[PDB]
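Student: Each chain is listed here by its residues.
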Amino acid sequence: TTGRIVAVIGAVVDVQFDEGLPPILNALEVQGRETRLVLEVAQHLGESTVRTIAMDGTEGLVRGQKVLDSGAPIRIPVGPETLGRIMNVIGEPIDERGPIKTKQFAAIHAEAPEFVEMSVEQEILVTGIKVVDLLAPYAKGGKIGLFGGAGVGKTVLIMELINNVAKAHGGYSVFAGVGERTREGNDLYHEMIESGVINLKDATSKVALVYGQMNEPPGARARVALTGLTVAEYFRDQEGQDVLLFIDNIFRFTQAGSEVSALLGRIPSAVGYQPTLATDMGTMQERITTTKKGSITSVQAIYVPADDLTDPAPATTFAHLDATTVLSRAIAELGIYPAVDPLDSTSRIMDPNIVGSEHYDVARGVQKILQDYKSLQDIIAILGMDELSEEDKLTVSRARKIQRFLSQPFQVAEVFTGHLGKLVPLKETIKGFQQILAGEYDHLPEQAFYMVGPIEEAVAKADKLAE
Amino acid sequence: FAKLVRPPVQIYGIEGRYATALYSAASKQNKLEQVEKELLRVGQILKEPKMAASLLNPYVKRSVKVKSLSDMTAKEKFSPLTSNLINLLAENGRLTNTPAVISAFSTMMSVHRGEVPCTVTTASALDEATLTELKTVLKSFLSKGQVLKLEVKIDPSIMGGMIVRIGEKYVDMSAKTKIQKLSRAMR
Amino acid sequence: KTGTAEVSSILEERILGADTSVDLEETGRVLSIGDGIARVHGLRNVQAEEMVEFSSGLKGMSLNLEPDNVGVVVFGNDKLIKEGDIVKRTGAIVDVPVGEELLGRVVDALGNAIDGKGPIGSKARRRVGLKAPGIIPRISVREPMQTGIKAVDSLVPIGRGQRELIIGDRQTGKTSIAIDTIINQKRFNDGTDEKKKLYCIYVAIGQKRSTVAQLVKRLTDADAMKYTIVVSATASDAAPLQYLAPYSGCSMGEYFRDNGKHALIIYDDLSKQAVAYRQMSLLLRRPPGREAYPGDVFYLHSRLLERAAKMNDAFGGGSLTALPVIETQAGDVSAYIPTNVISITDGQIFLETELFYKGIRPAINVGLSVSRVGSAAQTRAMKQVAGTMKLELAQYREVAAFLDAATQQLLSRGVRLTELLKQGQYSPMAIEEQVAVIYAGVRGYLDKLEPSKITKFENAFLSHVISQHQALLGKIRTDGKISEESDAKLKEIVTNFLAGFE
Amino acid sequence: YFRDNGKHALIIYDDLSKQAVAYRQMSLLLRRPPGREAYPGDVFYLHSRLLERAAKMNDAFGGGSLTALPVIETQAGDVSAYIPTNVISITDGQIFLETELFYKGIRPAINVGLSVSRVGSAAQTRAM
Ligand SMILES: Nc1ncnc2c1ncn2[C@@H]1O[C@H](COP(=O)(O)OP(=O)(O)OP(=O)(O)O)[C@@H](O)[C@H]1O
Ligand SMILES: Nc1ncnc2c1ncn2[C@@H]1O[C@H](COP(=O)(O)OP(=O)(O)O)[C@@H](O)[C@H]1O
Ligand SMILES: [Mg+2]
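Chains A, B, C and D supply the protein sequences, listed in that same order.
For the first sequence, counting from 1, position 47 maps to 105 in full-length UniProt numbering; every step adds exactly one.
For the second sequence, counting from 1, position 128 maps to 151 in full-length UniProt numbering; every step adds exactly one.
Per full-length UniProt numbering, the third sequence runs over residues 45 to 446, 453 to 552.
For the fourth sequence, counting from 1, position 14 maps to 312 in full-length UniProt numbering; every step adds exactly one.
Heads up, simulated DSSO-like pairs for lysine-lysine below, C-alpha to C-alpha not over 27 Å straight-line:
#1 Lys427(C) - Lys472(C)
#2 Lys26(B) - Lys123(C)
#3 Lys402(C) - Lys451(A)
#4 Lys506(C) - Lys426(A)
#5 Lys230(C) - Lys305(C)
#6 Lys45(C) - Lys84(B)
Bear in mind the hints are in silico, worked out from the structure with no lab data behind them.
The shape of chain A in the complex, shown without the other chains:
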């Protein structure tokens, strides 16, 4: 069916079909362009006319051009051949490597898993990172949230999570770049090519990048997280495996939604956000869950505008987060990498009903000792080490040892430190910390633990540097 354009108001087109309208969310191809312009219906205005939001620049459109209705919502290729590729919102590769030859196609607008599908057991995703898997465990099919700014090792942590999940759980990953600066998009592409998660030679890549640039019209920055979700839903459903999904950033998702809502004329809500803020976030955060076929974990970067944790966007996101990972700069000066802060990083599953009593007691002990050391830090700074008894200096020594032991050498970060990547399993982390707390290693120099994997390697390092 072929309709005709009848209005082009900014980035909102209005098409006048006659024979039969397309149901909302169908993708229409605008005939007569050279770059593929794709509109997406958003309303029916009566009189066989539909108000479509355009997914690309709408300069040069002529009242009367022919718009051909595809039939189903925006469709993308979702095979395993979408791995190591970059593709914009509509599924067209932008890596200048050719077509994404796949036999499957998936619509980006698919409803969330039904209630029967949902899995009722809250598991724990073993990331292989000591601090993360100990104090702020990541949950399968849980929406983690990664705070912290730039310069603190966020891209490195993303690449490490990708690599560790690809090795341990044998599950691929995705990266939906909502509103992703073009410069940083290129830098991330080349960082992955370096670290080796993407591989241009053999088709053994572990990431399926997806970029909705920061300059693409607002209607095509809201529907990029959905593209990532579909590429990952293929791996969960059609291959039954765990998956990651990084949405950098998840404030620009709400920003794009707000701009689209304003364009469609809808009254703005509380703080200028769209009236459908909560449901727009829900119908996208509700496909990130653990069904019985597989699971889609998700590590979503969060920007908190003006440090307002009440602001409707970071207040609507936090209603879904199942974790947190507050990368901090103050912990990067010490060199403890990853910079993950241990006292801010929350997690909803850090409860002895889920992780287990041993895990919970160990993690709570680590938190308490670190809090006590942070407090004694003030007394030492003000008055001096003399002011403390040994009942406190022992906790100080243990706390310094723990702060050291939380640092880990990532595999992708070999270029920086040279050390080898250590994928310490969960049990080894638990034993190491349970023992460092039991005083069993109060004599080894702190630098025994700095940048090691298990505790046994810390013992070996102490022996080496002690001779």
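Following the hints, complete the assembly by docking chains B, C and D with the ligands onto the known chain A.
Tutor: Just chains B, C and D with the ligands now, with coordinates in the frame of chain A:
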């Protein structure tokens, strides 16, 4: 809803919607020409002082106006389409702009039979042999079948030459614009 | 100006008289679906708030009966609706199935089971847009609704028919209190006396569907599902469903209230209903107000929380408690909605977040938590104990701002009591064990225990009395009050147990 | 033109918070729906599709370049207003200027605490 046949030209607003509805309904049943005849008739029938006075007062109950229109449309013996349209306009309260409707419909029928508007604004008075050559040359712009409806206009306000409009296509060879163009170029 | 039924596709039908063929008194055609509302043309015989059914199997209700075209809110995703679709009446104000054929089922906001266990084979359909009981049917709140939580039962007692309010910042222990209250009714629901059995309803509004699934699994893990309904309009569900969910639940509960039985409905949570309603309004162009909430976001809750009444013997003696949950923002209990709901309910339960960080779980903040009506409805044993526990904590809270041995004594008492008031999770204790432990605490016997050790004492104590002294607890429960001889016993048992605890 | 002709350019918009105002007028008069602070919904697309032309082409497309130094005026250090945050989330840095520093005598009044550059160590000579 039921498929409807679009007009050749699009008119917009209230009159646009009503004229489009009437034209599509008339194309079915093929009553276009007699529909236009009846539209012209209602044109005058809605200009008699009593009718044009009772169809402006808003204190005449709506049903009263509808019934008076029905009675008048029995005497004039209109087609079912035109009587239904007059009724429709009556009870929607939009009869105050009936002249807008029919006028639009005329523009909808003119293009249907293919009589493209034209116009020739002249520097001053014009001969009629010159008008003959003008028509015979403008017919060179139409498509195969169209007809020319040229409305000449005298204009001494321009300096020389002429301004020719054909549908939209607008060709300006008046000496006035040449003078301002030259002054612009050499300034 | 212009019209909305003044479209070509309609004026054509009307001009050539074709409308005689298509029914308009009992069937309409969607003029335009957009912004989650459908302008529908026809349906001349549609009653306001009727429940019309689209041609895609969807269902909506007619809000605006504008003179030329109805306006219909679609209970679902309008993705499925297209201009031109045919909408059919149903001749029934929007209503929902009710009965005891729903117990143990999960149903979406409209009564359609979503646990894949077959249709809800019910017979009665009750409206959702009903009125609340008038002035006369009600009487005071007399029976107690045993929460199973030490703090709630001791210091913030809840009656039956009393609208409580679990209000507090997110991730604080609201859903946990609701689940404890829903699991603690298992003991009462395994007898014969209909005067005790309490049937629970849990409405999950704008709440992650994984969370509701885990909640249902956790309930069935404790056979606390044989007597619970779970209405579920989660985050994904279109706003109109999140809007109806509380009314569907409240109607499924009124069915019990009107038939001499006692129910207990937990809205989790009304703030997300209010957000969904604000969306529904702002998409209908209605004017915004304070925080953009419509003017009537108070006649949205009141007409819902006023049905949680306590009928009197004349009408059946039924009941319907209600424990609406509210998620204040950072710390503001003066915002629009927290205040709009604090003035509709008969109580409050403030779950402070600082307390929750400091390990005092449940985080129930006392002093800011009241139950204006629950005092008249409280087992006299728990009254004999609370009458002094509240006093001791009140004295403690004054001396908590800073000593002679008087204030040291008061601090010791307060710390011991608060350390008692902690509790696990999904481990509700019958009222007899509550009176035992709270008595052994208030009467000073725990003054000679290191604060941290109370957290253990309690545990052990329970076991020692759950086995050895069944008879004493039986007497306390049956008599409802600590008889002087029962006091003498409790005293000697606590002394003997304390002797050799260490 | 320079950038894609293998040359190096540098473009300084001054201000951009007046292009945004001009566009707001153009829109409000065309009757397009307004938004926060009355700016339309495009006042991000507006700037973004501008400040994203500042590139550094590779050596196959010429090796050209185009820096960009959009100047923004903030009403009394209100960096949280609409346009300042719209244009702070598009660019790779910010050189914050303050008037407490301008009158203490620290001229140019740059405020190294808030000023950052997200290329950082790179974009300097080994000496510097
Ligand atoms: N009495 C308790 N003892 C120990 N832990 C508790 C207690 N109550 C709640 N928690 C813990 O607090 C965390 C959050 O609790 P809860 O599920 O009540 O959140 P909430 O208050 O309902 O807010 P949300 O709506 O975000 O869930 C859970 O991990 C739970 O285990
Ligand atoms: N495991 C690590 N070991 C040593 N250095 C690290 C580690 N992780 C991050 N870093 C340092 O942090 C910086 C992070 O930069 P990059 O990941 O490119 O962007 P961002 O600073 O936003 O994370 C790197 O330059 C690196 O020197
Ligand atoms: Mg909750």
